[PDB]
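What follows is a single chain, given as structure tokens, in the form deposited without the partner chain.
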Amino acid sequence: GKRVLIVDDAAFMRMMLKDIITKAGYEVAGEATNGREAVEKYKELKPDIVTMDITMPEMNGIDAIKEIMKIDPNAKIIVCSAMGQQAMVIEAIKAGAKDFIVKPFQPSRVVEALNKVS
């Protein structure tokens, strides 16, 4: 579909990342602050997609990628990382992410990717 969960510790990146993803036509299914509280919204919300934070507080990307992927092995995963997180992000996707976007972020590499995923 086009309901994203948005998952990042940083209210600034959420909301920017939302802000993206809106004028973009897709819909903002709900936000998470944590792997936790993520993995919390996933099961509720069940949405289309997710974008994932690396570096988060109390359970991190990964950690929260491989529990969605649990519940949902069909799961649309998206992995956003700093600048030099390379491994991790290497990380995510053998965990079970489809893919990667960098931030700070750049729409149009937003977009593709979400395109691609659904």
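Basically, rigid core = biggest C-alpha set you can superpose within 1.5 Å across the two forms. Positions refer to the first chain, counted from 1. What changes on going to the form solved in complex with the partner chain:
Relative to the superposed core, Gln85 shifts its CA atom by 2 Å or more between these two forms.
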Second form
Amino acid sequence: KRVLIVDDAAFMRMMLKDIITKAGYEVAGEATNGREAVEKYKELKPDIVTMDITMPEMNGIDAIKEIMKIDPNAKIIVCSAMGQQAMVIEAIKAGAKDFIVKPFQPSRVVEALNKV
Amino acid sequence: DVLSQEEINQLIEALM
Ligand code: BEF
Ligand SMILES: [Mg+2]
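Shown: the form deposited without the partner chain; wanted: the form solved in complex with the partner chain:
Let's see the whole complex now, leading with the same chain.
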């Protein structure tokens, strides 16, 4: 299953890519902010996206909304430090399928990939 | 005001 990893932190993108590949998924690409995420989603058409919230230019909520427009069946797991109730509600409302708060343990990423 | 992952798993189920 091909995954696009979206996060502005080079280290996070690095560790997620490592977990995803070792769990048997294929890393399709990476994006570093919300605009790029929509750009890459169009280009790559991944099966699954992992989505940070706090990013320069355009945040994760708006990128979710943008990808859902491109593809109503997009499968997006949020992976963010912004684990407040109101942010989880907003991300799920926008169309994400799952939400993992940072710091997280790697098994929760795996089950989220499976779930979608 | 950040929730736990169990808190979130819970909240997600509620939302479905
Ligand atoms: F930058 Be995140 F939303 F962890
Ligand atoms: Mg960020």
